[PDB]
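**Q** For reference, the chains in residue letters:
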Amino acid sequence: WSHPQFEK
Amino acid sequence: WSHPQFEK
Amino acid sequence: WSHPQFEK
Amino acid sequence: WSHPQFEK
Amino acid sequence: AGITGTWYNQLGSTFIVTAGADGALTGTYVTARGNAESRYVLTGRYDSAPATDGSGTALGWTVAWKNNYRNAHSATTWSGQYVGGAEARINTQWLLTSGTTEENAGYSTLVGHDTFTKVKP
Amino acid sequence: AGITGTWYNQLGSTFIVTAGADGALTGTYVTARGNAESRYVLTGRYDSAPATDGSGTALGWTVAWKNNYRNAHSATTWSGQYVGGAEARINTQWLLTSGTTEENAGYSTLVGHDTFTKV
Amino acid sequence: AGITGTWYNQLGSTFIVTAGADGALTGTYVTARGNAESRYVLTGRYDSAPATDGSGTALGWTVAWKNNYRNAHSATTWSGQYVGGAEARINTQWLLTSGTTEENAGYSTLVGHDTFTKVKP
Amino acid sequence: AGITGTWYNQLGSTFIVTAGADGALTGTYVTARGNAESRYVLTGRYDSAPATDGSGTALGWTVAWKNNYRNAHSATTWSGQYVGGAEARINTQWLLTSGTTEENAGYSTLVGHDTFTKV
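Protein chains in written order, with the deposited numbering: chain P, 3 to 10; chain P', 3 to 10; chain Q, 3 to 10; chain Q', 3 to 10; chain A, 15 to 135; chain B, 15 to 133; chain A', 15 to 135; chain B', 15 to 133. A prime marks a further copy of an entry chain.
FYI, nobody ran anything at the bench for these hints, they're computed from the structure. Misleading hints may appear alongside valid ones.
[Stated by the list, open to error] DEER-style ranges, computed between Cβ atoms:
1) B/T18 to A/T20: 32 to 40 Å
2) B/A100 to A/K134: 51 to 59 Å
3) A'/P135 to A/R47: 55 to 63 Å
4) B/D36 to A/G68: 35 to 43 Å
5) P'/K10 to B'/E51: 27 to 35 Å
6) A/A35 to P/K10: 32 to 40 Å
7) B/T131 to B'/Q24: 38 to 46 Å
[Unchecked claim] SDA-like, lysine to any residue: derived pairs with alpha carbons at most 25 Å apart:
8) P'/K10 to A'/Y22
9) Q'/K10 to A/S69
10) P/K10 to A/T20
11) A/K134 to A/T20
12) Q'/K10 to B'/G26
13) A/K132 to A'/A119
[Claimed, not checked] Here are some of the chain Q' residues that sit facing chain B', going by a computed Cβ distance under 7 Å:
14) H5
15) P6
16) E9
Beta carbons are placed, not taken as given, at the ideal position from N, Cα and C, and that holds for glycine.
Given only the sequences and the hints, what does the whole structure look like? Please build it.
**A** In C-alpha cells form, the structure reads like this:
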C-alpha cells in the first residue's frame with residue numbers, strides 16, 4: 003500500500 | 003504481508 | 003578520529 | 003584511513 | 015544562498031529550502047505528484063561554517079508525512095551533504111520509519127538514497 | 015508526558031525535546047560528556063495525530079555538530095518511533111554524514127541505532 | 015571455534031554457523047517459527063586473522079529467503095562483528111532487499127539491527 | 015547472461031560472479047586499483063526462482079577485506095536486486111563494518127549504495 007514519498 | 007525474517 | 007556523538 | 007573498497 | 019533554493023531529486027520530487035544564518039533548514043518537500051496534497055513541512059539543520067578544503071557541507075532534514083490532507087503515520091530523515099560549484103548537488107541517504115506495533119518493528123524502517131540537483135538562477 | 019521531556023540513550027547522551035504545534039520537534043542534544051561544549055541544537059518533526067491501534071508515533075530529528083565551541087563538520091539524523099505504554103521508549107536508527115571531498119564519499123556516512131528511555 | 019556454533023537473536027531466531035579456515039561462513043538460519051519450513055541456507059565471509067588489540071572480528075552473511083517450502087523473493091545481508099570472551103556476541107546491522115519493479119524500488123529495502131548471543135559449551 | 019558474468023560499479027570496481035546451484039553466489043571482487051592485491055573472495059546467495067511479474071531478482075553477498083596481500087579487518091555486505099530487461103543492472107545498498115573496540119562501535123559501520131552494470 004502506497005506511501006507519498008514514492009507516489010507518481 | 004508477512005516475511006519469514008520477522009515471523010513468530 | 004573523535005566525534006562528539008560518541009564521546010564519553 | 004585508506005580502505006580497499008574505495009581505493010583508486 | 016548556496017543551499018537556499020529549489021532542488022529536484024531523481025524521481026521529480028521537489029525540496030524547497032531556506033538555509034538560515036543560525037544553521038536552520040526550513041521549507042517544503044513536494045512529492046512527484048505535485049498537487050496541494052503533496053506538500054509537506056520540512057525542518058532540519060546544516061553546518062553553517064563548513065571546511066574550506068573542498069569538502070561538502072553536512073546537513074540533514076526530516077519530513078513527517080502528515081499535512082492538512084493526509085497522514086501516512088511515518089517520517090523520513092535525509093542525511094547528506096551539499097556539494098557546491100559546477101552542478102551543485104545534495105547527496106543523501108534516507109531512513110523512512112513508519113509507526114508500527116512492537117511485533118511489526120522489523121517492517122518499520124526503509125532505507126534508500128536520493129541525489130538532488132538545484133535549479134540554477 | 016508523551017514525547018516532550020528529557021530522554022537518555024544507551025551511551026548516556028541526553029535528548030531534551032519539545033513536541034510542539036502541528037508536528038514540530040525542537041530542543042537540545044547533549045553528548046555523554048555533559049559539559050557546555052556538549053550541547054547542540056536539534057530540530058525535527060513528528061506525527062501529531064498517530065494511529066490509535068497500538069502503533070508507535072513516527073518522528074525524526076537532526077543535529078548539525080556545530081555549536082559555539084566546536085564544529086565536527088557533520089550532521090546526524092535519527093529516524094524512529096515513540097512507543098508509549100508501560101515503559102516509554104523512543105527507538106531509532108541514525109545516519110551520521112560528514113562533509114567529504116568527492117573521492118572520499120565512501121567514508122561519508124556512518125549508520126547505527128539508539129534507544130532512548132526516560133531513565 | 016569462536017564463531018562456529020549456535021547463536022540466537024533477540025527475537026528467538028537461530029544462526030547455526032561454521033567458520034572455515036579459509037574465511038568462509040556456512041550454515042543455516044532458522045526463523046523464530048522453528049519448524050522445517052523456517053530453515054534457510056546462509057553463506058558469508060569473516061576475517062580469519064583479526065587484530066589483537068581488543069577489536070572485534072568483522073564478518074557478514076546473506077540469506078536468500080527461498081527454501082524447498084517457500085520463497086519470499088528477497089535476501090537479507092547482515093554486516094557486523096564478533097566480540098569474543100565474556101558473553102560472546104555478534105552485533106549486526108542488516109539490509110533486507112525484496113525484488114520489486116522499478117517504480118516500487120523505494121519500498122525495496124528494509125534496515126535494522128540484530129544482536130546474537132552464543133550458546134555456551 | 016542474467017546474474018553470472020562480469021559487472022562494474024560506478025567507481026570502476028569489478029564484480030565477477032557465478033550464480034550457481036540452488037541459489038549460491040561465488041566469485042571475486044576486484045577494487046578499482048585492479049592489481050593482484052585488489053582481488054578478494056566473495057560469497058552470497060540469490061533467489062533462484064524469482065517472480066515473473068517484472069520484479070527484480072533479490073541477492074546479496076559479502077567480501078571480508080582480507081586476501082593474501084593485505085587485511086583491512088572489515089567486511090562489506092551488498093544487498094540488492096538484479097534488474098534484467100533492456101539494460102541489465104544490479105542495484106545495491108551496502109554496509110561496511112570494521113572490527114572495533116566496544117567504545118569505538120559508533121565508528122564501526124559505513125553505509126552506501128552501488129549500481130553495477132555490464133559496461
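**Q** Hint by hint, work out which the structure violates, then give me just those numbers in ascending order.
**A** 5
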